[PDB]
Amino acid sequence: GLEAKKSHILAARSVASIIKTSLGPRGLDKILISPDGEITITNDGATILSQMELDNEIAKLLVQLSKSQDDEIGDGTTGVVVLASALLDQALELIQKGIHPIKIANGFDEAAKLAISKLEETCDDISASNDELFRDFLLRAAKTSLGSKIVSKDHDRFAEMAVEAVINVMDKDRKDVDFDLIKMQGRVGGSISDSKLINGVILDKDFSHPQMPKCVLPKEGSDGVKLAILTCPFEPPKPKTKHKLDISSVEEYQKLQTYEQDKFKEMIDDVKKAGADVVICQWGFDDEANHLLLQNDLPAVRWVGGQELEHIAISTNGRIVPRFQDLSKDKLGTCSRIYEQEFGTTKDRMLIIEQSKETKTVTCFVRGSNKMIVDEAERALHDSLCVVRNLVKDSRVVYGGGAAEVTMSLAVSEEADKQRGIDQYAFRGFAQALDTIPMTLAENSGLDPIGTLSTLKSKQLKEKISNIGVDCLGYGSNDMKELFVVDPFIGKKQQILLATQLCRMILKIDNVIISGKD
Amino acid sequence: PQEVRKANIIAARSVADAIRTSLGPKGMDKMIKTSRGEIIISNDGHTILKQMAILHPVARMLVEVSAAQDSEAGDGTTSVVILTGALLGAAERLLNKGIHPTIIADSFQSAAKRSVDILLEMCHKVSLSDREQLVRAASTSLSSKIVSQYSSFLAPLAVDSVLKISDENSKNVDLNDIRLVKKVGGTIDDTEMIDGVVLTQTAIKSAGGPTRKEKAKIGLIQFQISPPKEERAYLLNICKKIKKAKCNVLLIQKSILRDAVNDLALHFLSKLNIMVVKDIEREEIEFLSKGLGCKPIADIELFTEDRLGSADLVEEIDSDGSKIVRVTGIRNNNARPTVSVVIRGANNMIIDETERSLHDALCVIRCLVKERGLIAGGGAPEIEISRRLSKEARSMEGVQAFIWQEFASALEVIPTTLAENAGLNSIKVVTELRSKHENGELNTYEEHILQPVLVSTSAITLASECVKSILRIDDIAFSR
Amino acid sequence: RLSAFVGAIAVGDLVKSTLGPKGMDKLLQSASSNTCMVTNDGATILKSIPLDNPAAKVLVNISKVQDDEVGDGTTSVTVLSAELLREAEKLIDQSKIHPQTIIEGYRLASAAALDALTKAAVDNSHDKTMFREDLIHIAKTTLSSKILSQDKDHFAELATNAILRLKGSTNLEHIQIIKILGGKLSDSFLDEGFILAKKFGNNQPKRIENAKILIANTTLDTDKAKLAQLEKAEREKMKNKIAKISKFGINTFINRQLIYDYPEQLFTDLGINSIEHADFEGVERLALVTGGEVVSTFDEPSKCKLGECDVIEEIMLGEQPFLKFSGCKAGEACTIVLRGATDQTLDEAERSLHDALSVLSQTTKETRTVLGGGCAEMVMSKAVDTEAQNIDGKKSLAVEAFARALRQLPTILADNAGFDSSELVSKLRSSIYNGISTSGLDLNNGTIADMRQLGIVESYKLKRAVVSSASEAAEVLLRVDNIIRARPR
Amino acid sequence: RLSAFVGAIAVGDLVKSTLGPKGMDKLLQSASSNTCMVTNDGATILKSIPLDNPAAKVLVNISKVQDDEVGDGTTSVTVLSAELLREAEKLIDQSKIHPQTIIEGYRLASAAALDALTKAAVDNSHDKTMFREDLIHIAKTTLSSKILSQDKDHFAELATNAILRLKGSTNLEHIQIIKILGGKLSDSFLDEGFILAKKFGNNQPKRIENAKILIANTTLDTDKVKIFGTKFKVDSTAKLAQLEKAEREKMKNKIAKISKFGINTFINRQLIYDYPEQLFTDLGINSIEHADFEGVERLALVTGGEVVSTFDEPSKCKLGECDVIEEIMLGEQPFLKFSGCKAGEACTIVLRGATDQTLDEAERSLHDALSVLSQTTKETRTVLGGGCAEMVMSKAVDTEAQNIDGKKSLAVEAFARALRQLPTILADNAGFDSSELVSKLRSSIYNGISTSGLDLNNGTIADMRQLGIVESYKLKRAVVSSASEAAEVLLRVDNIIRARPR
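Protein chains in written order, with the deposited numbering: chain e, 43 to 560; chain D, 17 to 245, 266 to 479, 492 to 528; chain B, 19 to 242, 256 to 520; chain b, 19 to 520.
Derived by calculation from the structure, the hints in this document are not laboratory data.
Incorrect hints may appear among the rest.
To be verified - Derived DSSO-like pairs: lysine-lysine, alpha-carbon spacing no greater than 30 Å straight-line: (1) b:185 <-> b:170; (2) B:242 <-> D:245; (3) D:187 <-> B:202; (4) e:535 <-> e:460; (5) B:217 <-> D:282; (6) b:82 <-> e:389; (7) B:217 <-> D:314; (8) B:224 <-> D:187; (9) b:413 <-> B:413; (10) D:331 <-> B:355; (11) B:336 <-> B:355; (12) D:22 <-> b:108; (13) b:492 <-> e:195; (14) e:307 <-> b:242; (15) e:307 <-> b:334; (16) e:305 <-> e:256; (17) B:137 <-> b:413; (18) D:276 <-> D:326.
Kindly produce the complete structure, drawing on both the sequences and the hints.
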């Protein structure tokens with residue numbers, strides 16, 4: 043009855059009001075306390091909705107909104123919930139006037155498709171004509187999303203990492219970008235300006251012997267660099283739980299001394315049969331295995347995670363061999379050079395496996411001076427990989443940041459009087475719902491949201507219908523067109539789509555039955 | 017401090033909640049129980065606010081708005097209260113957006129002034145020289161009264177009385193120029209328009225009273241004929277000074293202290309054939325001093341010939357127990373267009389409601405004299421202004437631009453309330469009128497429903513300062 | 019200490035919304051609830067509201083003397099007096115500075131504010147036509163915050179041209195205020211003919227030429256078949272007094288008390304106008320305008336100065352007889368007749384016009400003016416911080432607190448207008464800080480524009496009394512550490 | 019916002035009395051009441067006191083980073099961050115200022131504070147004797163607030179001459195702190211001989227000449243090479259002794275490979291078995307036991323030794339040497355003072371306290387004092403402290419405030435008053451009047467002629483250079499930085515959401 047359409051709107055506005063101040067480049071951060079005691083600080087609504095635990099089914103619909111929005115796009119996940127909250131506020135005033143909920147839902151559906159046709163005519167092309175012009179606007183496009191993070195310090199140098207990473211994993215004919223092809227990686231210590239891009243998988247490993255060679259030589263023009271991935275170490279077999287082998291007489295005592303002594307070279311000679319240089323295993327090696335592989339310049343790595351072995355086999359075209367009898371020359375890794383490069387004074391001393399030819403996958407390399415700085419830099423660059431994916435898929439792009447919501451709101455109010463239907467009330471509410479985004483952003487920038495909204499509407503009439511920048515980005519003035527601020531069109535189209543469809547499903551539920559827990 | 021302003025808005029909006037139900041002839045009546053225990057009922061909006069005995073002073077201002085609405089336009093006292101509550105309801109959401117009430121008050125200044133210029137554009141100018149337009153306007157405006165049959169013949173009689181104050185050049189047009197006097201006897205269809213002042217009192221009923229005189233002088237005398245406080269000699273000397281000035285008609289102010297004129301003085305003036313009209317109320321004193329151009333005379337030493345008036349014929353006409361006294365032939369340079377209308381009827385309840393029905397007919401004509409032109413009512417001017425301000429809101433700048441949108445939405449309560457009180461569907465009628473509004477403008493003309501412009505003009509003007517004076521009060525302190 | 023601070027702030031919190039033309043009006047209510055009125059005048063609000071705090075009554079009593087000296091800016095004095103005591107809370111809790119040292123700090127700070135207005139005072143003696151425009155801008159500031167602000171554009175030349183016709187003493191008895199119902203406010207006119215609404219005599223000519231006005235005070239009613260000898264004896268005794276009046280050669284007679292019919296009837300045959308019911312206020316006005324004297328000795332003519340007037344004309348306006356004199360002696364006096372809509376509006380316009388003409392009366396002797404509209408308080412705020420270079424330890428925060436109290440007036444003024452007090456006041460200080468001090472706070476468009484182009488100025492003597500009296504009144508309430516009330520009887 | 023602003027002030031109000039040499043000590047008491055300890059350390063007070071405020075936990079982790087870089091001035095960072103939040107309540111509520119504008123106001127104000135310290139930084143490259151006096155005055159400010167302030171006059175030349183003996187990397191692994199009970203605090207001395215708190219061998223000669231230091235890591239308890247994988251199975255006790263003889267039999271060949279190195283001193287991380295400890299005496303090898311990871315790193319910076327994990331050959335390795343190893347007896351414990359090293363960069367400071375409680379406070383007091391003096395080698399520019407540093411920076415804040423926007427004006431001007439809040443608390447802890455005393459200094463610093471500063475002793479205004487009060491430029495630029503970033507984190511949080519605990 044009456045209590046159905048009331049408490050649902052009031053509870054949705056209270057939950058969504060938390061991320062309203064967090065949407066923007068100036069948006070305020072939050073403190074999310076994990077159940078283990080760790081404190082996390084992020085301004086993105088995707089982590090907030092996942093951290094918030096509540097039994098109300100009304101707010102769970104907003105959590106599921108950012109779930110499908112993050113996997114499909116991963117950009118407007120914070121703004122898609124705030125935009126959906128504006129439709130619920132305008133619909134609440136229409137319910138008191140006697141308008142049916144389906145009439146409100148049908149009014150937002152017809153106004154959504156009408157606003158897409160008006161926005162589709164104003165888009166511009168980037169990758170068209172000169173191809174170098176695409177990377178020109180693409181280089182400065184990633185700097186906009188990095189202004190709300192500590193990355194904004196060095197962001198000028200960090201903008202080239204996301205641009206060169208997508209080019210190697212994508213072909214102009216295929217135009218396919220996958221987030222699994224780019225492995226997230228970060229390291230603590232040093233400086234952030236030392237982060238570069240690697241053309242292949244790069245792990246952090248330490249050699250068991252100090253005198254092992256840090257560089258792998260081609261050994262008189264061999265074919266690539268052969269790398270073997272096995273699940274068993276090369277050494278006399280020993281149990282990993284308890285040993286306890288009692289010997290009764292000196293007979294078996296002298297036998298086991300000769301046997302195990304001969305098993306030292308027999309396990310190492312298996313490497314020379316396959317002709318492999320770097321040997322990666324799950325378990326460590328004995329002292330003799332480190333001495334025999336030292337004279338042959340065959341570095342070995344111990345205690346490697348199981349998940350890290352899959353990334354090496356994809357890039358180097360390797361295989362996982364269970365034992366030492368199943369090895370062959372076709373299962374060995376393929377790479378140009380393997381070397382251990384030292385970074386600054388850090389004692390980590392990672393290893394770099396290069397390629398020098400185009401592969402289907404790359405591995406990013408990020409450094410940081412503190413724990414929270416590394417986690418913030420990884421998430422800041424994660425959203426940058428989502429922006430470059432939508433720009434290469436659709437050449438047509440539209441401006442954003444509060445300019446598009448004002449332009450799209452003007453075309454709805456004009457066509458509302460021509461319909462002469464009942465949805466005309468929902469059309470004006472849909473136009474005011476789009477005006478909530480620039481008003482919400484203006485509250486985070488320290489400006490009057492009413493005066494800023496009226497300013498954006500007045501300057502788009504007597505001048506031109508083109509988008510006009512907003513002071514919320516902290517730049518010198520408006521008109522982002524001169525500052526090369528570009529947002530993806532498919533990202534904004536899916537943002538206004540799922541947000542409108544979610545508001546319809548809320549009105550379609552007139553009863554909420556909440557039972558106990560088992 | 018917002019708790020005072022928030023309470024003033026909620027208390028004021030609660031007033032118009034019951035007013036929206038009584039709007040229109042089909043509206044719902046409201047119950048009012050006086051402190052004395054008397055139970056009254058009616059649909060009049062001004063009557064509700066009069067007997068409501070409002071305590072809070074801010075809500076008492078709505079009574080002064082309805083009082084000034086009837087004192088000038090005479091119609092629309094119910095709609096002006098609803099229009100005020102609409103601006104207060106929209107102003108409540110303005111405070112939640114961080115808007116200071118001073119900007120709200122300053123925004124209503126340009127909103128009310130520009131609404132007048134827009135209202136003149138849609139208005140169709142008329143002319144007072146056309147009598148057919150004034151008769152049909154007053155006749156159809158009486159459809160709210162019990163008797164429709166006798167309302168048609170009174171329309172041309174009310175227009176001919178205004179033709180004297182209908183002159184082109186004019187400044188102050190007051191309804192006091194036409195004095196409505198009710199009398200017992202006769203019917204409604206019988207009405208006569210006198211060219212001179214007519215009082216409500218009869219003449220001397222004793223023996224010797226002439227009751228009629230030709231070529232008589234009439235003047236205001238505040239004196240009182242009483243024995244000195266030999267007695268007939270003092271009363272005769274007062275009459276001797278009047279005989280020297282040849283004053284045929286005397287007027288004595290009504291005084292409840294002592295007797296007005298002694299019976300011995302009435303017999304003395306009966307031989308001289310001097311007519312005396314007693315029981316003169318204070319309201320009729322200011323009415324006689326204007327048209328006749330006479331002067332009030334306090335004492336007997338202040339009585340002179342130059343301070344009296346001039347009358348060609350003074351007679352007492354008695355039709356079915358009437359005994360009305362009329363005055364004709366003023367012939368004075370100070371005379372003005374004073375019109376006297378005699379109302380006749382059988383029952384007392386007839387001449388009461390019929391007289392009050394003619395006041396509203398004169399107010400509608402008064403609206404056309406002050407501001408020429410008429411506009412078809414029924415929600416046409418409210419929707420026309422609300423739509424044009426929606427486009428002008430996009431051309432504004434600053435905080436006011438959001439107020440222009442909310443100010444236009446506050447005007448939609450008038451067409452919505454009329455649709456609800458008539459039983460029709462709210463949303464269905466409002467969306468249907470706005471649908472054809474893109475082509476038709478004022479199209492109600494075939495139904496002969498016409499609302500004068502001054503009602504729509506005063507509704508915006510009075511509600512502009514009303515809502516302004518409310519939000520400007522930030523607190524209320526006890527002062528004694 | 020807490021009762022004096024809170025008691026003074028509570029007084030300032032009442033009139034803080036009535037400052038400026040964009041300010042807000044306070045509503046009052048009594049037990050009868052039918053006496054409720056709406057007025058922003060600080061003199062009406064403070065005197066009507068009773069208070070149980072005797073320390074708050076001191077600020078009200080001081081405002082009563084200040085209201086009679088100027089009449090405009092009384093609200094600004096009450097608010098400024100409360101700002102000095104409100105900022106004294108931070109001078110105690112987080113400061114701990116001796117109160118008398120803070121009192122001595124206000125004296126050193128007030129001296130810098132007086133020298134700031136002196137160095138910024140600019141007056142033009144030449145081109146008196148330009149000086150007339152300065153009086154127009156001052157009149158627009160006095161009419162602000164009052165119902166007269168509607169027509170004040172037309173009322174600007176009304177009060178300006180009136181004061182220019184005086185050319186003499188600042189006394190306000192030469193100007194009479196008349197309020198008649200009917201007509202718009204813009205219909206008011208200026209007449210120097212001494213309009214009087216009191217009609218005299220029964221049968222008198224409406225126009226007379228070559229009339230001489232004389233003031234006299236005497237009792238013509240009473241002295242000190257048998258009653259006939261006593262009444263006729265009083266007429267014969269008073270007949271000798273009328274014979275002395277006929278020797279004056281005057282065609283007009285004015286009596287303070289009433290006049291009996293016999294001495295009034297003799298004035299008709301002699302061509303003398305008989306004027307009666309002249310109050311005490313009218314006698315003082317007719318003495319300084321028509322040049323009359325009490326004339327308390329009738330024993331012989333030519334003991335007093337005689338007056339003269341060319342034409343005495345009676346006009347009919349507003350349904351009431353009026354007296355319009357023409358061609359009098361020393362016609363420098365004027366009379367303002369305002370036409371209001373209702374009696375409630377007349378009460379607010381009367382005192383508003385009397386306080387507006389009181390400030391313009393001081394502009395004749397004082398030609399120095401300053402720039403208003405929030406710019407005056409900003410210039411004095413920097414002069415206080417300039418003198419802070421040389422200051423003592425305990426007097427440093429006391430003088431510094433006075434500069435921040437000067438910026439509280441434009442801050443509250445911006446809050447009453449609805450604008451942003453943080454953005455406008457801060458940007459106003461930056462331009463005025465180094466060079467080129469012109470623009471000030473504008474309450475219309477919402478930006479900072481030139482006060483000289485908008486015509487907003489203030490008098491030097493008016494602004495000097497605000498900074499002075501408020502600084503002295505704040506030292507009295509802060510000095511009192513104890514309140515002792517006796518047994519009420 | 020009400021819980022974050024007030025909650026952060028309550029945290030700063032606890033340690034506000036621990037700043038300055040005239041400050042006061044805070045007492046803490048647990049449930050057992052026997053753990054109460056009186057200490058002025060700000061890091062100990064913040065870490066020990068539990069807090070349920072999530073905003074207060076942010077300053078705890080930030081204070082850990084500040085303590086790792088220097089170790090002092092951590093109290094001033096918390097107080098300065100609390101004063102910015104206390105004044106922010108007046109900027110938000112009654113001043114009509116957006117919180118993001120306050121954040122941007124500190125960014126423009128931090129640039130003016132760093133420029134004020136740059137123009138006021140004066141260093142002298144010539145006349146290194148004058149540079150030594152600057153290190154003496156800086157060491158006096160670090161030893162303040164601690165019990166060592168008594169003998170600090172004698173301790174001034176102890177820490178100053180110690181840093182001058184490094185001539186190398188700023189790493190603190192060269193200076194080792196040793197604390198022995200007994201004797202007055204003034205008995206401490208500077209020694210470069212690397213005093214060791216552990217002896218060597220069971221019975222061996224104390225004085226050793228021409229010793230070769232060799233760092234080795236091996237297991238001396240049941241030492242077998244590639245013999246693992248077999249246990250001892252015996253049916254009688256007499257049969258077990260036959261297998262136990264294989265321990266020494268295989269060890270004799272192991273010692274023979276070590277004896278070929280020709281070293282007079284042996285070092286092992288673990289303990290030593292009984293028989294080889296006696297066998298090393300006949301061979302002249304002196305074995306050292308109980309060598310931790312910290313002791314090995316200190317030896318690698320002097321002699322240049324290595325882990326030496328290969329015993330299979332005397333060559334392809336690096337060995338150290340020392341002229342004389344002398345063993346002394348002090349404080350009833352054997353000590354080892356090395357002599358005749360090769361370009362020794364390491365020093366040893368032995369502090370003699372009365373009780374263990376005094377030594378606990380002296381440890382972190384000397385370690386944090388030498389950490390600041392180590393950073394002064396890279397940056398020789400110094401500034402005048404003692405309340406004068408915060409007064410000079412207050413002028414640069416009002417200087418840039420001349421031309422500023424409307425919303426940022428009051429936010430930056432509030433930062434100027436926050437700079438004077440630090441010397442305000444210092445005058446209250448000393449007993450003087452912060453109102454009158456601090457205001458007298460601002461009048462002189464206002465226009466030119468800025469020399470003298472606040473004095474907490476005589477109660478008058480004296481020159482900081484004449485009294486020997488100076489501060490390092492690198493220390494102040496880190497305080498203005500970290501404290502500005504610490505306040506921005508709390509201003510960016512308008513809400514806190516805690517997950518359901520398990």
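The hints, checked one at a time:
The suggested pairing of residue 185 (chain b) with residue 170 (chain b) holds, with an alpha-carbon distance near 24 Å, which does not exceed 30 Å. In summary, the hint linking residue 242 (chain B) to residue 245 (chain D) is supported, as the alpha carbons are separated by about 26 Å, within the 30 Å threshold. Between residue 187 (chain D) and residue 202 (chain B) the alpha-carbon distance is near 12 Å, which keeps this suggested pair within the 30 Å criterion. Distance check on the hinted pair: residue 535 (chain e) and residue 460 (chain e) sit about 25 Å apart at the alpha-carbon level, within 30 Å; holds.
Of the supplied pair hints, the one linking residue 217 (chain B) and residue 282 (chain D) holds, its CA atoms being roughly 27 Å apart against a limit of 30 Å. Annotation: proposed proximity of residue 82 (chain b) to residue 389 (chain e) holds, straight-line Cα distance about 22 Å (limit 30 Å). With a C-alpha separation of about 29 Å, the suggested pairing of residue 217 (chain B) with residue 314 (chain D) holds against the 30 Å cut-off. For the given pair, residue 224 (chain B) sits about 27 Å from residue 187 (chain D) by alpha-carbon distance, which is consistent with the 30 Å threshold.
Straight-line distance between C-alpha atoms of residue 413 (chain b) and residue 413 (chain B) comes to about 17 Å, which keeps the hinted pair within the 30 Å bound. Taken as a hint, the residue 331 (chain D) and residue 355 (chain B) pair is honoured in the structure, with Cα atoms around 22 Å apart against an allowance of 30 Å. Of the supplied pair hints, the one linking residue 336 (chain B) and residue 355 (chain B) holds, its CA atoms being roughly 23 Å apart against a limit of 30 Å. A threshold of 30 Å between alpha carbons decides the hint, and for residue 22 (chain D) with residue 108 (chain b) the separation of about 26 Å falls inside it, so the pair holds.
Using a Cα cut-off of 30 Å, the hinted pair residue 492 (chain b) and residue 195 (chain e) holds, with the two alpha carbons roughly 21 Å apart. Proximity of residue 307 (chain e) to residue 242 (chain b) is assessed by CA-CA distance (about 20 Å); at most 30 Å being required, the pair is judged to hold. At most 30 Å may separate the alpha-carbon atoms for a hinted pair to count; residue 307 (chain e) and residue 334 (chain b) meet this at roughly 23 Å. Straight-line distance between C-alpha atoms of residue 305 (chain e) and residue 256 (chain e) comes to about 27 Å, which keeps the hinted pair within the 30 Å bound.
The hinted pair formed by residue 137 (chain B) and residue 413 (chain b) meets the criterion: a straight-line CA distance of about 28 Å does not exceed 30 Å. Under the criterion of a C-alpha separation no larger than 30 Å, the hint pairing residue 276 (chain D) with residue 326 (chain D) is consistent with the structure, at around 28 Å.
Every hint from the earlier list agrees with this structure, and none is contradicted.
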